[PDB]
Amino acid sequence: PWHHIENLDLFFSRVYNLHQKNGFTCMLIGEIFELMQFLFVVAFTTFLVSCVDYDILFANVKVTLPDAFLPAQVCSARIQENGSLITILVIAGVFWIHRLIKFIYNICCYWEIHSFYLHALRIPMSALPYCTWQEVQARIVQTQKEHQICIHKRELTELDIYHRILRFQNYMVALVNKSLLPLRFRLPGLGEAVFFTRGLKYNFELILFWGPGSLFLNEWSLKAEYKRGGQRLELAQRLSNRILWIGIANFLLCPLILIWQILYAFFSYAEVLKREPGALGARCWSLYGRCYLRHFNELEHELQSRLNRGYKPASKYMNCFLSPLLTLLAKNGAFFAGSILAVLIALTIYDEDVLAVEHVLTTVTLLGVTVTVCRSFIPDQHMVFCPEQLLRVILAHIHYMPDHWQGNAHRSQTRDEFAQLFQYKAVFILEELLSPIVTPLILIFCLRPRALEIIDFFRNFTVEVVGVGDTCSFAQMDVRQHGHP
Amino acid sequence: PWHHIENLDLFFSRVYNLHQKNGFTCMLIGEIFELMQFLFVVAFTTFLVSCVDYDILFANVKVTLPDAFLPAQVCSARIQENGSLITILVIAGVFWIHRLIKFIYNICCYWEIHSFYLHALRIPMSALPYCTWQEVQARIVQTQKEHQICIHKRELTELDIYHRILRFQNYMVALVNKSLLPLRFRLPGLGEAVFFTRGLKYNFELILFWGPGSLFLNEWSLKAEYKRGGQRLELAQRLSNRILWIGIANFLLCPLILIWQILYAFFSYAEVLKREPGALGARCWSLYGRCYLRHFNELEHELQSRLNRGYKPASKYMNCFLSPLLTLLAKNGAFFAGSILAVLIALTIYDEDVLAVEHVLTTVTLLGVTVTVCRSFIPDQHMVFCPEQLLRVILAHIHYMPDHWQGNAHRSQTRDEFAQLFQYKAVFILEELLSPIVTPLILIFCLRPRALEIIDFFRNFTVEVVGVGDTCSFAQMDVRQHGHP
Amino acid sequence: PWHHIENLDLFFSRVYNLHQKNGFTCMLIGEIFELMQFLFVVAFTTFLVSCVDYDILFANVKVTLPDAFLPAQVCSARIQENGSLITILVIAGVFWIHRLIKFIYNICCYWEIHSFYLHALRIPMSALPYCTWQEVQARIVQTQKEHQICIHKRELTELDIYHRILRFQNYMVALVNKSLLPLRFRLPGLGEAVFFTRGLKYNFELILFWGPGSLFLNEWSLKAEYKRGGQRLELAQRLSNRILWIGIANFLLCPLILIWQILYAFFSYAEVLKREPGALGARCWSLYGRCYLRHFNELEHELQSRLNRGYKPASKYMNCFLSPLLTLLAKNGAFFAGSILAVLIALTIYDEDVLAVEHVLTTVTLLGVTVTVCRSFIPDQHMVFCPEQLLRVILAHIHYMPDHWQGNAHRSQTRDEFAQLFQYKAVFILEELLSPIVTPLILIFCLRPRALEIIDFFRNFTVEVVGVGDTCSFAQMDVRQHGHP
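Residue numbers (the authors' numbering), protein chains in the order written: chain B, 36 to 95, 108 to 532; chain A, 36 to 95, 108 to 532; chain C, 36 to 95, 108 to 532.
Hint data in this document are derived by calculation from the structure and do not stem from the laboratory.
Because identical chains share one entry, a pair is satisfied inside a single copy or across any pair of copies.
Once the Cα atoms are required to be at most 27 Å apart in a straight line, the calculated DSSO-like pairs of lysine-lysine come out as:
no.: 1; residue 1: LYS378; residue 2: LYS149
no.: 2; residue 1: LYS378; residue 2: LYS472
no.: 3; residue 1: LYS378; residue 2: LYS321
no.: 4; residue 1: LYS56; residue 2: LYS378
no.: 5; residue 1: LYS378; residue 2: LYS248
no.: 6; residue 1: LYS363; residue 2: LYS56
no.: 7; residue 1: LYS270; residue 2: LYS225
no.: 8; residue 1: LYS200; residue 2: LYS270
Just chain B, with the same shape it has in the complex:
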């Protein structure tokens, strides 16, 4: 069965993804919960908008929750008459239908990879989470005589698998590291800003790689017309038109994606603010820092291990920069809020009839939230300052650092350039919210004029590895730093 594949790229990608997902049942269950998350968000928002009445809920015999819920018939009648809501529900239904169809198609293709694991590799589905990827790669390459997946090429090699899995991630790394994509901007009051989100990356990959109109013919060969310099201008113009149309589509879909992002951000993070608002101050490796610190021919887990080992030194380093004004404001606000809250709590404990006064419960809640938020900006008063060994420890893991960082380890310029690789979580969320608004502006006005230069890149930096196909040229662009893959 594993002879007529013709899509070894997708086959190896699935073989890797099924091992990274810890088997088949876990993958199926994750996909099911993703679908259920979307359905639950949509249904819960619609129910909140239509069914509940909020009149007999806000009290304007004890009243139950089911009284505030309208019966099914009148709620359906109120739903089917909104007009501006059924037109959103239709689109959110067709999108979910497309997603469910894609999931149904993916299950029938992942069952075959499950069978390929069970029989061809002799690896049970209960030994996957205990087999490193090197062992699975060795079992793939050494048994390539039985399943005979690739006979055209004389043999199979680990480098062949690395090229098959990472044919487009190498192109993305080379495009980001040669400053061929518009992800640096100058803003008044902020300065340099790196705006790279998931929407922008998805749009770049849709414009350049996927679709029947992209630069790559089938899966592993860019169209031969893109290997001839005699028509640079015409190809650049066609790519510009494609980018313009995709940007127009994004601008049209902007409000739906914005509503979805707002709803998801609320349903996902509006409780962490209440309970533990310090979790949104912890930093994470930005999406640009994942493409800047990535080697060529490096799988996702190989990069994630390095980004994990260098996470605590990076947090320590970014904590070595005291923000004085923020700490002053936090200290004083915490003092005032706690001084009012102590009086409120004492009056509540003495005689509890105070809990019946109107705005006492809300005041206690909001003052507790204020104290908890303010006490999260105050660093540990006894912390050491070693901002020079920390960069050495970090560079020993991430392997990449601009050359003007080793000496001046404590300046204000090094921090403002490391913060683009190691960004806040709140900034991540905030620029995830603004992505559906800014992405069309970036695609229409900023990426479109570069459509010529890109055409040159794919023409000058695409090699032909025998048996694999058209791959990206390796680290000849010595704009980055030390390697050690």
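With chain B's structure known, arrange chains A and C on it following the hints.
Positioned in the frame of chain B, the structure of chains A and C alone reads:
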């Protein structure tokens, strides 16, 4: 006064226990609080069952708590007519009376050890928590001419004290490490299971060591009839009858012990679930792992130091095994629960009349508990994987590891064999609850057929150390690994 | 402009303080918030005492908070008739007026230091938090030809700046380390007690350094009459009279300072007890431990770095001393409180009409506080004991240790002598509350008889550094230990 003892075993055990309890007043106070804990549990459960009425409490002018409490006379009348409760109270009273009498007898014997510390050793009761056991041992052995506790033997030795204190723990170690006790079982759906609890250990020590019918004549000499192989079968049969009778007694007492265990588990752990349910996921060294990693002639603190030093590497190692399905379920349940709880909290903050709706407070409480529980199964997303150095660091402390562990440090078999030495806290509680049910079945059906082999052990592995008595043979059974006492 | 200063001591102190405060705007904002803190405390306490009525608040249609607030006119009438409150308000107003006038005067003098930073040093106010003090010192000393601040002395030196900033802190260090100040006391039931607070230090510096009647003539020269031994007795008598008058003034002001301290302690710490009572068990370097471990000619940040680096080993060391009785009491109290609270929480969750019973909410709150407090005295059950390497690591940072500490690292005497350098936070607060009561007794009865010896000190241990002035003799008093500045 310290010449006519005749029970040097118990004397040295008390001298060690008074130092391990940080003096005399702390020991007295701990015993008093244990008695008060038992009395409080029983009295509080009886009061909850009988006095309170729960009719005018559940509301079916503001009502006070003392209204729900029945007056003393009617509560006593309701207690003395239950029949199925006074028969439990009588037994719980005679058991507590026996415990209190034992405590009263132990105080009059520990005051003498206090005097022995003050005068014979010249160690004030305020310098005990600052004197290591080596110093107390040296002061015992070097001043053995004044108090002349042991004149029969020519001198006193540290090894003599070690043998006197640990005469039965060595026997327990040798019995557990030679697989002479039934504590490994095969279960459908679980596989290998090590069931070793405090009830089983207490029953083993009662069957073999304590009592006027055990194998040991007075304190330090097993009956001479157990040193002759001419009557192996008769002694095995007598031991089998003894085990059967003790198992029958345990089976009869099963319901009382089960009720006590349920009540104690509720009163002790039902609040940690509410506030911090992650404390019951932290692991601890099981009761079998304390007898498997124990050297011969090793006091309790000498073993506890090693089990403390190797606690954080063991936690790190057991955390290096990601449970994928549990993490998926936890993530999704936390998302859903928090998404509902955020809406509830926002509606509560906006207008607080919502707090009067019937099932809003209970819903908020249960959803908070659900979020807090689910957020305790999600590991740190940035954690390193070094499961090979961790076993080296652990073995450098616990000194014992099966030989097929060093190489294959990340397999599923090594984890399932280390988890029997380092078990969950929730599993500890759960198998503490099932102990009064399973212990009689283990004693009647599993330990009884081995009654012959044990008789051989005590006959072939009991040496006679001069001046000390009948002790267990040392580590000639090379079934374990590296030592270094 | 920077030629006619004549007060280089204050100028260099301000230049250092503006850099330690992270610029000018942060300093201004901190001073403003200090003034606002005082004003807020006074106004809030007066409002609580007078305006609110607590009759219609304790409930003896839903009642609002503004109903309990009396209208402005009747509240002003109730304020202006208290008599025993307006006499406190007048004093708290004149003190705040003096503070505000001092702040207004300090701003007009710190703007000049801001200009001196901007122009003379060419350091923008946005590069201060990224310039170590060594760089600012180098820019001060190397550009001393342009601003020509000090021409009398041939040149300027880093040692000159060190002497100018720390002319009185060296005197305080030498006075504390020669046992010339009464800060050790013998108390029945406690033993040795080191009572050194901020009030005592302020009074010492006011008696000896500041004021027109102190020992120092203008700023940098003690009166020549204090360099002649022909009048030791008369000068000692005059100093004794001065100390007596200052102590009488403190005894008169005692009630106001005591009221202020009580109010500030409540408004600042009465919420940390509720939420996280374990933060008041964490230790901090006492005010005596900051003067005992301080080198000569050592700025505040140079000492704070050492006190920061040696904070975690010191906490570990002070945690290695188990308090047995406290742990027993904490365990048992936590058990009882949690056992009652679990029943209350279960009854609350089952049927919520129980929340309307009178003393259920207060009971739940107080039992939660009790459980949270008791669970803060229980140490980690798996902790290592290495109390000998910890003293080495600590001494490698604090540089000072009595000689009888290295060997006997675990005795009860070493802990009771380290706890005076590393005290609790609760003890700090408690002896901050008792300071206005004990300070006059210490100044009148204990410091006054020493008034002769001090007069000898300033006469025998004051050298004349050329260009700087009268400074304190360096570490010739070899009563302390290893240095390495």
